[PDB]
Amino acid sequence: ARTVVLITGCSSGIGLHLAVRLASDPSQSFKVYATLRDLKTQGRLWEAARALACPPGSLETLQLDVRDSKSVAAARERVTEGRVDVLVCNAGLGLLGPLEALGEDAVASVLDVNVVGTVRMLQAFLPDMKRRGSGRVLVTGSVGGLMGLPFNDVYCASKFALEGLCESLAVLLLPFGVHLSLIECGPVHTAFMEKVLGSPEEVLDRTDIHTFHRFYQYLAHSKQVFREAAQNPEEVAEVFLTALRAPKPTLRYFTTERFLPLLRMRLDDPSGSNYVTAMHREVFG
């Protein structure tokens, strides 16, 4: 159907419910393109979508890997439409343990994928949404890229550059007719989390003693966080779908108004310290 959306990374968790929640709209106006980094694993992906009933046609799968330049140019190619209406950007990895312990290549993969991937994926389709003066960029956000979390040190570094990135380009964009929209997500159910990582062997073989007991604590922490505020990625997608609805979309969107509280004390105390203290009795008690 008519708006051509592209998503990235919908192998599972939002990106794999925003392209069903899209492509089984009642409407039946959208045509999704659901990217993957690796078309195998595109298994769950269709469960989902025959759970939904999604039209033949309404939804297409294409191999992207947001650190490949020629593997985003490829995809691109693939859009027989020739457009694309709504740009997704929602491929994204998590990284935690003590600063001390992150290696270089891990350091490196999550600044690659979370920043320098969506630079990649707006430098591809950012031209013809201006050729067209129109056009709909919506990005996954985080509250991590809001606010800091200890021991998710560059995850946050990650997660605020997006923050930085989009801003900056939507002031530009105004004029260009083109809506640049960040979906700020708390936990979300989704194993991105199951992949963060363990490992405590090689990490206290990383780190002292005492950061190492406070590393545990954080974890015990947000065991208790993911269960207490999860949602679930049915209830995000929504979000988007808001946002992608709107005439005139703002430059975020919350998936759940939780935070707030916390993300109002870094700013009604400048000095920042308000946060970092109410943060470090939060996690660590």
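Each form is matched to the other, and the largest set of C-alpha atoms that superpose within 1.5 Å is called the rigid core. Positions refer to the first chain, counted from 1. First, how it differs from the form deposited in another entry.
Summarising the superposition on the core between the two forms, the listed residues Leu93, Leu197, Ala157, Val107 contain exactly one with a Cα shift of 2 Å or larger, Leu197.
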Contents of the next structure:
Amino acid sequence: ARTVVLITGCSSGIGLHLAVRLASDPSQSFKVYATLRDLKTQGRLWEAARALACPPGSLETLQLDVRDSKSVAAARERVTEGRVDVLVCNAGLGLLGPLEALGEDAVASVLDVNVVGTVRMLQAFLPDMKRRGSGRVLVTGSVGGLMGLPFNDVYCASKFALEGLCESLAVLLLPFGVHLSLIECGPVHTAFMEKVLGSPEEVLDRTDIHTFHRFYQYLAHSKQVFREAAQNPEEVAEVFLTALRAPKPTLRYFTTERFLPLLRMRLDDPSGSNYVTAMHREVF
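Can you swap the form deposited in one PDB entry for the form deposited in another entry?
Just this one chain is shown here; partners and other molecules are left out.
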């Protein structure tokens, strides 16, 4: 019938655009379940959905807290068609700042949402896809999950986690008929993201003036990279679709090639000394 897709973290960014991009497809081959943690944020999903003229019933909204298995279970039961053909694990949190400046709860929230939240989604949805011998799971990756970035230690950790988690499953799912693929995104044009970067005094009292100085320096550098490398979510969202459609999807898809040169030098030197070096100069 119609491909049933459930996407997490749809209140903005990639999740939002992908949801409406799927539900608004001229072919109307997709039934989308856009879940968000807080429903008071569905506004933009809906205004965006009116903008693309998604036919009614092509887009349903669900409250889903990936930090809660009960919510994960309850939303899974809201899928009237009693089946999900494409599960998109997109919900994710960021974290920028000196390691010593990051609150313990903040660190725990990012791993809990980004990694364990994805585990819960996989636990609740993988079984049936395995039983039915079919299904596709897509997980939003990040260049940060492929290489470490200064002041993104915990973010990268959780993104790296996702790589390990999916690669591990991938080895097991190969003969099962269910496909898992990571979508490695570089910066994705977001006006708020470039706004999130800029923490003076609060970070200053939680770290030394030399680390602090390097933070600013790194903020300045991300700023540039964004303003000259950021991709439109319409563009990134189109990669999910490419993967979702590939008859034999690969474990991972890259939304850009800009960061591929850096990634190569990463395994052109397993000792990590070359990358840490290129990347340090690269940012400072």
